[PDB]
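Engineer: Modelling step: build the complete structure from the supplied sequences, incorporating the hints.
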Amino acid sequence: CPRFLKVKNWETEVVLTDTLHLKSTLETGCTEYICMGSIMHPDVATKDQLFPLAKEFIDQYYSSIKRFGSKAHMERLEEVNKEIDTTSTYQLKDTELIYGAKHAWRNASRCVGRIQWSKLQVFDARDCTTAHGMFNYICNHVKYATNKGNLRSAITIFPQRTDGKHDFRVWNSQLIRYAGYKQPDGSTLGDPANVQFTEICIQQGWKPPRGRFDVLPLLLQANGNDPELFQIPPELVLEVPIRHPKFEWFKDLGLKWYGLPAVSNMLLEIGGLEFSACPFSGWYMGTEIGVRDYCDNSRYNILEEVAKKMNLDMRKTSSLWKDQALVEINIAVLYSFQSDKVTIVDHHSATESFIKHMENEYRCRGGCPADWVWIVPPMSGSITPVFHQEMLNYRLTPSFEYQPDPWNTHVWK
Amino acid sequence: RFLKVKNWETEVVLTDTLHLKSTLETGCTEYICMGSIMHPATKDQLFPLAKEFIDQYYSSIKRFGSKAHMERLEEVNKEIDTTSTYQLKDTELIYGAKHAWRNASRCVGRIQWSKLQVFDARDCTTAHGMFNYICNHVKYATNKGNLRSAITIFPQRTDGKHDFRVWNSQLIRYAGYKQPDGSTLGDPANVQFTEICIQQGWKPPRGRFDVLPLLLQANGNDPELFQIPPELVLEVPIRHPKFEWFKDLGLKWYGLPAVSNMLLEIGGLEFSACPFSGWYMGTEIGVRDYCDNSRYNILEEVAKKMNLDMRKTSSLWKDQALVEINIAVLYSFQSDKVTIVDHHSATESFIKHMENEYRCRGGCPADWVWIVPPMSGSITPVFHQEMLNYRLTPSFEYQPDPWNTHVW
Ligand code: HEM
Ligand code: HEM
Ligand SMILES: Cc1cc(N)nc(CCc2cc(F)cc(CCCN(C)C)c2F)c1
Ligand SMILES: Cc1cc(N)nc(CCc2cc(F)cc(CCCN(C)C)c2F)c1
Ligand SMILES: C[C@H](O)[C@H](O)[C@H]1CNc2nc(N)[nH]c(=O)c2N1
Ligand SMILES: C[C@H](O)[C@H](O)[C@H]1CNc2nc(N)[nH]c(=O)c2N1
Ligand SMILES: [Zn+2]
Numbered sequence: 302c303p304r305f306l307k308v309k310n311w312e313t314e315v316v317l318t319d320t321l322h323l324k325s326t327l328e329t330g331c332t333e334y335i336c337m338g339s340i341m342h343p352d353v354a355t356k357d358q359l360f361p362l363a364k365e366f367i368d369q370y371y372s373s374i375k376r377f378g379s380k381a382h383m384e385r386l387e388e389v390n391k392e393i394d395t396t397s398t399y400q401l402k403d404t405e406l407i408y409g410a411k412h413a414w415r416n417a418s419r420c421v422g423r424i425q426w427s428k429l430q431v432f433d434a435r436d437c438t439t440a441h442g443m444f445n446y447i448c449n450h451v452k453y454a455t456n457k458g459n460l461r462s463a464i465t466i467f468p469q470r471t472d473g474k475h476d477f478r479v480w481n482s483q484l485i486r487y488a489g490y491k492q493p494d495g496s497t498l499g500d501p502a503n504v505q506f507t508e509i510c511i512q513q514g515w516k517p518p519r520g521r522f523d524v525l526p527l528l529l530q531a532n533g534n535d536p537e538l539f540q541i542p543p544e545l546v547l548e549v550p551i552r553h554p555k556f557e558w559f560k561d562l563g564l565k566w567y568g569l570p571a572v573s574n575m576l577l578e579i580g581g582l583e584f585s586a587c588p589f590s591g592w593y594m595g596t597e598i599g600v601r602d603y604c605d606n607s608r609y610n611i612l613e614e615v616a617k618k619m620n621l622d623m624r625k626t627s628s629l630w631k632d633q634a635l636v637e638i639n640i641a642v643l644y645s646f647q648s649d650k651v652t653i654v655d656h657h658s659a660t661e662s663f664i665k666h667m668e669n670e671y672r673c674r675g676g677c678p679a680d681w682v683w684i685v686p687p688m689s690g691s692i693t694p695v696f697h698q699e700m701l702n703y704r705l706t707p708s709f710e711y712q713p714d715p716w717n718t719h720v721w722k
Numbered sequence: 304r305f306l307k308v309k310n311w312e313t314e315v316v317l318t319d320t321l322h323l324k325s326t327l328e329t330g331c332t333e334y335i336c337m338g339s340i341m342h343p354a355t356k357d358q359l360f361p362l363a364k365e366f367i368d369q370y371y372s373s374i375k376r377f378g379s380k381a382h383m384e385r386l387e388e389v390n391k392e393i394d395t396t397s398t399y400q401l402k403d404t405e406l407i408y409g410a411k412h413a414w415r416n417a418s419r420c421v422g423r424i425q426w427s428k429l430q431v432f433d434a435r436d437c438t439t440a441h442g443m444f445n446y447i448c449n450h451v452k453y454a455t456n457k458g459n460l461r462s463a464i465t466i467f468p469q470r471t472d473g474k475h476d477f478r479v480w481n482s483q484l485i486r487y488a489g490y491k492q493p494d495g496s497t498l499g500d501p502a503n504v505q506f507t508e509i510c511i512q513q514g515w516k517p518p519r520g521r522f523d524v525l526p527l528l529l530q531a532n533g534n535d536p537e538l539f540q541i542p543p544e545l546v547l548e549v550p551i552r553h554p555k556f557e558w559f560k561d562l563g564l565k566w567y568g569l570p571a572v573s574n575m576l577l578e579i580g581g582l583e584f585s586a587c588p589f590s591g592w593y594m595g596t597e598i599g600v601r602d603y604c605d606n607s608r609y610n611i612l613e614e615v616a617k618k619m620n621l622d623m624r625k626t627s628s629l630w631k632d633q634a635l636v637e638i639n640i641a642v643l644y645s646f647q648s649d650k651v652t653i654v655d656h657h658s659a660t661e662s663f664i665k666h667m668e669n670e671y672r673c674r675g676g677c678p679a680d681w682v683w684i685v686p687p688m689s690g691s692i693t694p695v696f697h698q699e700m701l702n703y704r705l706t707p708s709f710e711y712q713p714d715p716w717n718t719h720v721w
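In order, the protein sequence lines correspond to chains A and B. According to the entry's author numbering, the first sequence holds residues 302 to 343, 352 to 722 in order. According to the entry's author numbering, the second sequence holds residues 304 to 343, 354 to 721 in order.
Because the hints were derived from the structure by calculation, they are not lab data. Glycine included, C-beta positions come from ideal geometry on N, C-alpha and C. There may be inaccurate statements among the hints.
Straight-line distance between alpha carbons at most 30 Å, and here's what the computed DSSO-like set of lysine-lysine pairs gives [what the hints assert, rightly or not]: (1) B/356 - A/665; (2) B/380 - B/364; (3) A/618 - B/555; (4) B/555 - A/631; (5) B/356 - B/375; (6) A/428 - A/457; (7) B/491 - A/631; (8) A/560 - B/631; (9) B/625 - A/560; (10) B/364 - A/625; (11) B/491 - B/560; (12) B/650 - B/618; (13) B/380 - A/625; (14) A/560 - A/665; (15) B/428 - B/452; (16) B/665 - A/631; (17) B/428 - B/309; (18) B/560 - A/617; (19) A/474 - A/565; (20) A/457 - A/617; (21) B/631 - A/650; (22) B/617 - B/631; (23) A/307 - B/491; (24) B/474 - B/411.
Chain B is faced by these chain A residues, among others (derived, beta-carbon under 10 Å) [claimed, not checked]: (25) 535; (26) 605; (27) 631; (28) 640; (29) 679.
Structural biologist: Have a look at this one:
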């Protein structure tokens with residue numbers, strides 16, 4: 302592998318030099334002959358597998374605190390090694406847990422929000438034993454991160470995997486999401502993305518209000534036991550009704566969205582350890598709501614109704630009625646969040662911040678892994694600076710990974 | 304191994320076997336993906362490349378292993394022996410040019426690939442001859458607004474000291490002028506090329522839409538300047554269906570998009586001058602050509618006339634102006650009956666193209682980074698389509714700009 306790789310920005314002519322790719326760990330999916338960069342997704354560690362993974366992480370941590378090679382570094386290596394020897398696993402120190410969580414975000418190639426990576430509040434929930442305790446930790450997380458609309462990024466880390474039969478899992482894909490209900494006539498009420506999970510909740514005992522914006526309950530699994538349902542206290546769920554600065558009729562669509570984006574189905578890998586329940590939250594980029602949640606054909610799919618109320622000609626695609634309506638919806642989302650003083654970032658500001666972040670990471674860290682397919686926003690791509698920015702994608706650890714949906718693997722008791 | 308691609312909107316899964324036929328490199332490795340990087354012979358090297366191509370040609374006309382096929386391989390073998398190269402048959406040239414288009418991972422317009430008019434210009438020897446062939450190309454392809462895809466293929470590379478080159482990046486482009494006060498008049502993408510034309514004796518009108526002259530190099534000689542006859546250059550004044558003030562911006566564009574700086578590789582042969590043309594997707598003009606910060610950069614002026622609040626990015630004033638400019642472009646070409654496709658229709662057609670190629674060919678190499686349009690990405694169906702990118706040959710390739718290699 303070449304020692305230096307160059308990326309160019311075709312708008313500004315700036316050339317950056319990447320050396321950090323030499324620390325790349327796992328596989329991208331690509332080969333010399335095929336690129337899988339647009340593919341969305343392209352039994353535990355043995356003692357022998359765990360030793361080198363832990364050492365790599367411990368070495369990285371002690372290098373970051375400028376104590377590489379120190380007595381405390383060598384002693385930490387020996388203590389971890391003994392622990393892996395006698396128990397087949399090991400426990401992270403609190404400092405190492407925090408460092409690992411921040412760096413999994415720092416390394417998340419698909420995240421445009423990483424300029425914030427070092428300001429992550431880490432909640433250590435490794436003492437949790439029950440689904441009720443998970444609910445308590447999650448409620449505290451949601452309250453802290455929401456902060457009356459002055460949102461603060463945060464992660465809550467539940468106990469790591471042991472033998473794979475005692476996993477902690479949040480069955481929700483996000484902590485706060487709206488239910489979706491398939492109707493006998495084929496239509497869907499609510500969010501079509503969540504129909505499968507909604508049906509699971511109903512079978513587990515949830516009584517669904519069957520509305521358009523019903524906050525789903527938490528479905529929480531502790532220590533490999535069957536998951537249990539809990540209702541998030543509604544006063545902890547900050548929501549924003551969507552209105553438009555010019556179009557008085559926009560509020561009559563009855564749209565609203567929740568303020569806190571909180572991913573809860575990913576796995577956090579630190580030093581070979583696997584944290585299968587690690588819900589983390591930030592704040593929204595407006596297009597995540599205004600383009601994807603609202604205008605995806607397979608989601609709320611409101612382009613039609615908005616275009617109608619805008620009195621656009623919808624018979625020819627070349628009138629760009631979809632495009633025109635999409636912008637108004639995204640204007641409404643940003644205006645409504647700003648009016649209610651709920652943190653949100655538009656796609657222009659976020660991508661400009663990410664370029665500055667990337668350049669800083671290249672200069673101070675030797676690179677910044679980035680997934681262009683995900684970094685470029687889903688509207689107006691080429692009038693954002695990331696569109697013209699060449700990027701290198703590679704996998705560094707600590708990392709957030711996808712994992713199978715737990716209902717596909719769980720052994721019901 | 305067989306590889307699957309999923310469309311996350313429709314849940315359609317396709318199975319790719321065609322990638323097993325690729326042998327060029329992508330630039331990626333198992334550890335680093337370069338998917339967003341823009342740019343990642355001898356007798357001995359030539360015959361296996363020739364053999365592979367002759368093989369796939371005779372397989373395509375269902376006479377693989379025929380007597381004609383055996384004879385052609387031997388014919389090619391002797392010719393590489395006695396001359397260090399070979400000459401394609403006319404049928405092979407046409408097949409190879411259509412397949413270079415069919416294989417172009419970055420082109421959303423490939424549903425048309427087999428409707429390509431191929432002009433054989435391999436008997437050309439001088440820049441005057443190139444000019445004549447290019448004028449005929451432009452006239453045929455323009456067709457009074459009913460655009461027709463075409464490619465003109467000039468003689469192949471021999472020793473590399475005798476290349477045919479079109480120095481222009483496109484056959485028709487507007488000049489760009491570095492102003493005294495530091496800014497730029499016209500098209501900033503072409504400032505360097507414009508200056509080379511001036512340095513070669515071109516008298517610039519110093520307007521905003523001055524069609525550049527052709528700078529044509531034949532057989533490695535110094536390039537020569539030619540003016541395309543203006544009656545051959547179809548242009549469209551841009552106006553807006555609702556904003557009557559839009560025409561007062563004084564904007565226009567040319568109807569014929571015609572790439573002239575790429576290299577066509579067929580069976581190991583390299584055609585360094587191979588201008589090819591189709592018709593525009595509206596966003597190529599209205600998003601990239603007009604609104605890139607390094608291009609015409611008119612978002613400010615348009616948003617001004619729309620009286621948009623331009624003090625905060627979160628008003629999305631840039632996004633609103635962007636849509637209106639692209640409405641105007643489509644409306645203007647359609648009103649003048651000049652072929653153009655919008656990004657919704659184009660990506661729809663591409664999804665249908667992919668389905669066809671997976672069925673009859675076992676796959677379709679596609680570069681998501683280039684296929685997804687530069688605006689309103691996720692409300693087009695390609696945004697949700699997983700794609701596999703791999704290099705098949707015949708292919709179009711980038712090459713260095715001739716002013717960096719040429720000795721005068
Ligand atoms: C604080 C403000 C943040 C912003 C504005 C932001 C923005 C984004 C956006 C727009 C995406 C693409 C979302 C999509 O299309 O589904 C994304 C992906 C991602 N973000 Fe961030 N994010 C933020 C915070 C965080 C935090 C705190 C973490 C973890 C500690 C994180 C980790 C990730 C990961 C792992 C992905 C990839 C998700 C996947 O591949 O499925 N982000 N982010
Ligand atoms: C007929 C209508 C056509 C349409 C609508 C179309 C559309 C497009 C678009 C929108 C791009 C992206 C260009 C950019 O972003 O700069 C592209 C790229 C490309 N097209 Fe097509 N195209 C057409 C015809 C053709 C033809 C006739 C050929 C060759 C015979 C061709 C070969 C290519 C190649 C090689 C690229 C990649 C360019 C590069 O890598 O820089 N296209 N096409
Ligand atoms: C922390 C955070 C901040 C932010 N501003 N945005 C997000 C994206 C929210 C999101 C929404 C979504 F629909 C899908 C995924 C992928 C991961 C979740 N699982 C489905 C794998 C997401 F991350 C996350
Ligand atoms: C045949 C054809 C049809 C069409 N509809 N579109 C194109 C692309 C036009 C284009 C525009 C542009 F700005 C940059 C590049 C790549 C660099 C090549 N240079 C020759 C310009 C382009 F291919 C080609
Ligand atoms: C097929 C393609 O990989 C898929 O649609 C991706 C494209 N880019 C994306 N980018 C973001 N930010 N989020 C997404 O869900 C997707 N989806
Ligand atoms: C850095 C990045 O590869 C570069 O900006 C690419 C992105 N995608 C593109 N897509 C198209 N269609 N045309 C382009 O010029 C580019 N430029
Ligand atoms: Zn790749």
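Engineer: Could you run down the list of hints and mark each one as holding or not?
Structural biologist: Consistency of the hints with the structure:
1. B/356 - A/665: violated, 50 Å
2. B/380 - B/364: holds, 15 Å
3. A/618 - B/555: Roughly 18 Å separates the two Cα atoms, so the pair holds.
4. B/555 - A/631: holds, 17 Å
5. B/356 - B/375: holds, 28 Å
6. A/428 - A/457: holds, 18 Å
7. B/491 - A/631: Not satisfied, since the Cα-Cα distance of roughly 38 Å exceeds 30 Å.
8. A/560 - B/631: Distance of about 24 Å is within 30 Å: holds.
9. B/625 - A/560: holds, 23 Å
10. B/364 - A/625: Answer violated: residue 364 of chain B to residue 625 of chain A is near 48 Å, above 30 Å.
11. B/491 - B/560: holds, 26 Å
12. B/650 - B/618: This hinted pair holds, its Cα atoms lying about 27 Å apart.
13. B/380 - A/625: violated, 53 Å
14. A/560 - A/665: Distance ~36 Å between residue 560 of chain A and residue 665 of chain A Cα, so the pair is violated.
15. B/428 - B/452: Distance ~17 Å between residue 428 of chain B and residue 452 of chain B Cα, so the pair holds.
16. B/665 - A/631: This hinted pair holds, its Cα atoms lying about 21 Å apart.
17. B/428 - B/309: holds, 29 Å
18. B/560 - A/617: holds, 28 Å
19. A/474 - A/565: violated, 39 Å
20. A/457 - A/617: The given pair, whose Cα atoms are some 35 Å apart, is violated under the 30 Å limit.
21. B/631 - A/650: holds, 23 Å
22. B/617 - B/631: holds, 10 Å
23. A/307 - B/491: holds, 29 Å
24. B/474 - B/411: holds, 28 Å
25. 535: violated, 30 Å
26. 605: This interface hint holds because 7 Å falls under the 10 Å limit.
27. 631: holds, 5 Å
28. 640: holds, 5 Å
29. 679: holds, 8 Å
The structure fails to meet hints 1, 7, 10, 13, 14, 19, 20, 25 from the earlier list, while all remaining hints are met.
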